[PDB]
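The next block holds one structure in the form of structure tokens; read it before the comments.
Every protein chain except one is present and positioned as in the full complex.
Each chain carries a letter (A, B and C) given by its place in the written order, and its residues are counted from 1.
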Amino acid sequence: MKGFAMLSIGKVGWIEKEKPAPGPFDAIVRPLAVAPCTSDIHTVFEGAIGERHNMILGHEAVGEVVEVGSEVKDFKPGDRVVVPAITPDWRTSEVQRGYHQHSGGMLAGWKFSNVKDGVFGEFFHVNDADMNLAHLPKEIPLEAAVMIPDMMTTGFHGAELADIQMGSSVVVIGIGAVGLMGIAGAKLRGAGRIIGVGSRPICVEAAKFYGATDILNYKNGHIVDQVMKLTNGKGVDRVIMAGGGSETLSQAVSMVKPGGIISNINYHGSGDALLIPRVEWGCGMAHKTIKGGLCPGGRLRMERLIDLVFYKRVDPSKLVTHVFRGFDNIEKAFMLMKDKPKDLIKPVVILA
Amino acid sequence: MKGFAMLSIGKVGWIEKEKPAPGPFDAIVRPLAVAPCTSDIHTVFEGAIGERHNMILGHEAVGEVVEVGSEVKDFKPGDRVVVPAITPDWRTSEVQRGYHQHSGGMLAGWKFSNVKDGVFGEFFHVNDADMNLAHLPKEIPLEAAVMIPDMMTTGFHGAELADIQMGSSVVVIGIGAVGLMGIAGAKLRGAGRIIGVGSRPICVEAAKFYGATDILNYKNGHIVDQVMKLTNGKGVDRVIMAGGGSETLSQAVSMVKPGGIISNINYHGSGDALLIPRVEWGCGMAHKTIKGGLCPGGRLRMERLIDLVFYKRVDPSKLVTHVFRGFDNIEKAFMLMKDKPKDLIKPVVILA
Amino acid sequence: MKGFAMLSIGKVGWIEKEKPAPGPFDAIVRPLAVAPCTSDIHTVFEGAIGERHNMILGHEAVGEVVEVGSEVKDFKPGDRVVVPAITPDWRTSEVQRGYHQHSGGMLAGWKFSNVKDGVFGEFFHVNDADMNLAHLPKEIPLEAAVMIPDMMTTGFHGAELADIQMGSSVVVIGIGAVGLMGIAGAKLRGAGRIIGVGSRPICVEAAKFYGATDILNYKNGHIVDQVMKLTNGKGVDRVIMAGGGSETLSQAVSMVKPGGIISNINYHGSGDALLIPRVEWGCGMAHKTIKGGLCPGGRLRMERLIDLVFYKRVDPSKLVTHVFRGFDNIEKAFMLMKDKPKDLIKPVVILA
Partner (left out) sequence: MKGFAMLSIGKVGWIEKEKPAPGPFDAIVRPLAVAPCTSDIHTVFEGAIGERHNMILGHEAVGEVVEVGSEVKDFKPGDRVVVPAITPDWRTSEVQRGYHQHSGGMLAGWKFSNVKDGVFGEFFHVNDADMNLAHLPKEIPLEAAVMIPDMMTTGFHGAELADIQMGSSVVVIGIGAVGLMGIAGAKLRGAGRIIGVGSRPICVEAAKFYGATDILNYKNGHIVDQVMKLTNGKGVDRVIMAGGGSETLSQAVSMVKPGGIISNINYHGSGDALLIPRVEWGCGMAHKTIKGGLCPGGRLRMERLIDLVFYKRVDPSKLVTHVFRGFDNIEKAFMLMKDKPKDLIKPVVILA
């Protein structure tokens, strides 16, 4: 079958593989729509997560179930499904510890294009269908729905880890797709002031749509200075790190109040370490909590985000700046993420 | 000074009182806008808090500071302020335990119209102004602002106690002012489906405005079955008990899932019994948590909710269906509250 | 195979039954040590969970794996294991919400002598072995280990739900086996003062051993007054409800401070409803949280408590007052539990 894959670090191309087969609890799905992530880049051209050979890429898909194993009870061929980007093995200690994301090891809950073939093929394999698939209501358009497997769950998890109090001020550092869902997330947790950091025109516009009350552009002076200025030297209650480089940690620590919380949902691809600024961190005694986590996956997560979309609590369609048709265009869409132009938030490819 | 008081159970009337003077840490404040509450009614006519004599009523005001003590540092004569319904003593062990609402006694954080003269007076006394007042921005209309001291903080506390998860389903029982803020609060915590229970058309309209996706009334017999039917016998994640009788508790337990949470923000002042239905409560082992708490007060709570209004995360003006003008219409607004007309949610009296 | 079974409400006896076989993921186990529980007594003589027919009793066992299904990876014939009283289906939505106790339904995680034959049998069936068994270190004596599956997980979950702060004061109501692990559990959460309510001499000695600094007995059914006096009218921070009738709820609420927490680990099998004392619960506004939940089960829970025993953080053997040897003595053990002698805490049949 056709599949667009990371041949080796630095090389990508269309390969051919055996169409996969489902174990008793598994499902085979064909993609209806897919999206590329900057994470696919951080790993192909930067090896942020080690080397690989011939690994079909991509982990954001809505699809149609084409086959299920004999033990699968809730899905059958023909069902339209949202496939979470994280599809954990649900029978592990990590799951008993309440961290399915790390079922089987650090980040191991994230399988597609981390440790198994991704969704950029004619077909793909989902482990444990009943636990890891969600039904797609026909109301919700494909392009919107494909923002759910990853962008929405990551962004919102940023808000969730931040433990936002009603009325509190939040800075979201980065306003790409993830940062934009970070903003929407923070609003849906009751944030008052939300300050987005970024400069892309399309992103600024979307940031305001999602609930940003202020936008800071690096071109107008340093972010910390700008935030301290906006908050009259008081800083903010919460910071969500969604995008940018490792220097954003230091920025987040300098902006946040003592006793506050920093929530990293930014996948850090380069550098050995991240510096925490000693003084601004109260030398380790400022109660400035640093959190950071891979997005939740599985059926329940998807079903919950789907509800939010269904009851119109969030509209992820504004995230999709580019739509193309057909397999051939997965490459185009992939490269668009590598050399991200000024008008890009998230590309989506719709299959026939 | 002039003041609308409770003379005794069942009796209210205009009386003459000594205008209060501030201690070193206090402020005297004159009302700019007040609103009478369901609680004042129950207090007067149903002996909800026991007998009182010549106690000035009302606990919901925005106002102007007219005098401050020698140690007050942040507020000064002429300042427009939101006055929280709850104005704790901040130097107690309850406060060190993190329960200012119960500083110096159960619910002792609530002073106005309880243990001290309330705000239906030419002036009133705010203890510890620096800790118990918030500056009110000019941008916010008085009628909106005066919903903050009680309705908004109470209703939102309900959503807070409920510990709503993103996408989870919520029932709010009672759709008066507090339940409406309960609905708005639940939406701001990221709730998917929000079921409101109540029947007054003005309230149902508002309930929908604030995020209710479904409305139900007992007018079809028994509420629990109706909820179970809406939810396919699954129940809901969270129940907020905002208005109604003590039977409400039993209904909430029955409606909510195992592991769920029920939160009460209704002062049960009648002698009706609070019953937990044994079976529906899994014999006390269903992890159906039961919470109930007097609304937060003090400066920080008010500042945070003011930000919610300011940045347009909530629009509480919908609660305000009647507006009167001039100190004397207090009595009219209070009477109006006593014989609840069908078009009434919340009346406000704006002072000249 | 031979089993000790509920024949019908009111009637027990030895029965012969087909030896169970394992599914792909299951294990068949033989008891090495077993203990009867009050729950066994009630199920049979008070119909507590409804009518059962030829259902093998008992849910507390240390055992040895005799056979495993083809997919079992971590356990094999000969492995000595601790078997949790709670053995959930791990592939359900409840598990995804973090409530394995209620996987597939309220309290559905409890299977032994409820929905399936319990452990008082020559063999018993354990669903999902890899998720529901824990290797037993040789260093731990059987009589100690057998307190883990229910007594220790339950008592400790009382202390857990109680969210105890360091140095805080705790009342444990009921000083039977479960209450005593509640006392031990509270000490292991950093509690300062621990007040045990009860009178039975062997239980009082044991309560002291596990951390109680004070013992009180009901005078003529009354207890709240004695606690207030102990604490100079301040009351206590936390109350764990471990034994006694529904009326201990009112007692817990009256003893606990505003903003405190009450945790129920006591099964209530009688009466339509539990009554909350309105006045003492601050008419629903005193932030006196009411929690209650079936003990955690599964592998990890057992492994954790095993470590507590192994590292000598708690010594459960003092719960064990009577030790019989031999399978046929299950009947004796059970009747000893039915006829609760004054010197009895828990009996243990050691087969081995």
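Just so we're on the same page, contacts are C-beta pairs under 8 Å (C-beta built on N, C-alpha and C of every residue); 3 or more make two chains touch, one makes a residue touch a chain.
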Displayed chains contacted by the hidden chain, counting the whole assembly: A, B, C
From C:45, C:218 or C:310, residue that would touch the chain that is not displayed: C:310
Hidden partner chain, touching residue among B:187, B:238, B:288 or B:299: B:299
Hidden partner chain, touching residue among B:75, B:90 or B:110: B:90
Residue in contact with the excluded chain [from B:10, B:98 or B:137]: B:98
Hidden partner chain, residues of subunit B it touches: 90-91, 93, 95-98, 100, 128, 130-131, 298-301
In subunit C, positions touching the absent partner: 156, 160, 165-169, 185, 187-194, 213, 303-308, 310-311, 313
Residue ranges of subunit A at the interface with the undisplayed chain: 48-49, 94, 97-99, 101-102, 105-107, 241, 246, 249, 257-259, 264-269, 271-278, 281-294
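Heads up, the rule we're going with is that only the chains that are shown with their structure count from here on.
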Arrangement of touching chains [line / ring / star / complete / other]: complete
Interchain centroid distance [CA atoms averaged], subunit B/subunit C, Å: 41
